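Undergrad: Can you make the complete structure from the sequences, with help from the hints?
Read off the chains here:
Protein chains: 2
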Amino acid sequence: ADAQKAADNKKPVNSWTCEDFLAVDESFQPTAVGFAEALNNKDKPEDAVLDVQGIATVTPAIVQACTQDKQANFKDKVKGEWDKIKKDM
Amino acid sequence: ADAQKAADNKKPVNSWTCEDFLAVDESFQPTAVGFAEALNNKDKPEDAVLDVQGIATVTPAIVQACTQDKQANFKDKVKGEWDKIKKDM
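Protein chains in written order, with PDB author numbering: chain A, 1 to 89; chain B, 90 to 178.
Just to be clear, a hint being listed does not mean it is correct.
Keeping only pairs whose Cα atoms sit at most 20 Å apart, straight-line, the calculated SDA-like set for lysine to any residue is [unchecked claim]:
1. A:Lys10 x B:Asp136
2. A:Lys86 x B:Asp91
3. B:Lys133 x A:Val49
4. A:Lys70 x A:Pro60
5. A:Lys87 x B:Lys133
6. A:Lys42 x B:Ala90
7. B:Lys175 x A:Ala3
8. A:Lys44 x B:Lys159
9. B:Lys164 x B:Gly143
10. B:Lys133 x A:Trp16
11. B:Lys94 x A:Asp47
12. B:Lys133 x A:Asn73
13. A:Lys75 x A:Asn41
14. B:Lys100 x B:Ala112
15. A:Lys11 x A:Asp25
16. A:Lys79 x B:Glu135
17. B:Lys100 x A:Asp47
18. B:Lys100 x A:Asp43
19. B:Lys159 x B:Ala90
20. B:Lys164 x B:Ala96
21. A:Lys79 x B:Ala137
22. A:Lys10 x B:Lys133
23. B:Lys175 x A:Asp8
24. A:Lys75 x A:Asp20
25. B:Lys159 x B:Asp91
26. B:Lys99 x A:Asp43
27. A:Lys75 x A:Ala61
28. A:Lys44 x B:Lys133
To be clear, the hints were calculated from the coordinates, so they are not data collected in a lab.
TA: Here you go:
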C-alpha cells in the first residue's frame, strides 16, 4: 500500500536506514520485524504458525535500537538485536 | 521461539482458527495477517516495505470478525474481510 512511511516499494526493508522503522506505529512495528524475518524462513505461508514469543521478546529491542541509531543499516538491526537476545548468552 | 504454538500434524494459518486469534495480544494480532497474506503475494522480503496501511485497514476487520466467528479458519476469515472491504463496492 502507498499511504504509509514514504511510498510503496521506494524505501524497502533491504534498502533504507533505521529512521524508516520509527515511521511505523507501535501497533505494526512487531509486523515490521515480522515481514523481514517471515519471508526469510519460508517462501509461502503453508509453514506459517506465527512466531509470537520471538516477535514479542524482540519488539522492545528494534523499537529502541532504531532510535539509538536511526542511521543504522537495514536488516543488521534485527540481526544485532537477535544477537543481543540469544548470542549474548 | 519455544514457548508458543508448538505444531501438531502442521496446523498453519491455512488451518488455524479465529478462537486462538483472540489469545494472542492486540500488539501481535496484525502480525498473523502479516504472516498469511504477506508471503502469498511474493516469495522474499528483498522488495517488501510492509503493507502497513493495508494491514492497519484490515486489522479492525479481522479483530472483530475473529470474535464474530471464532470457529472460522483464519485464511478464509482474512479473505472474508478483504471481500467486505473491496469486493462489496
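Undergrad: Which of the numbered hints are not met once you compare them with the structure shown?
TA: 5, 8, 19 and 25
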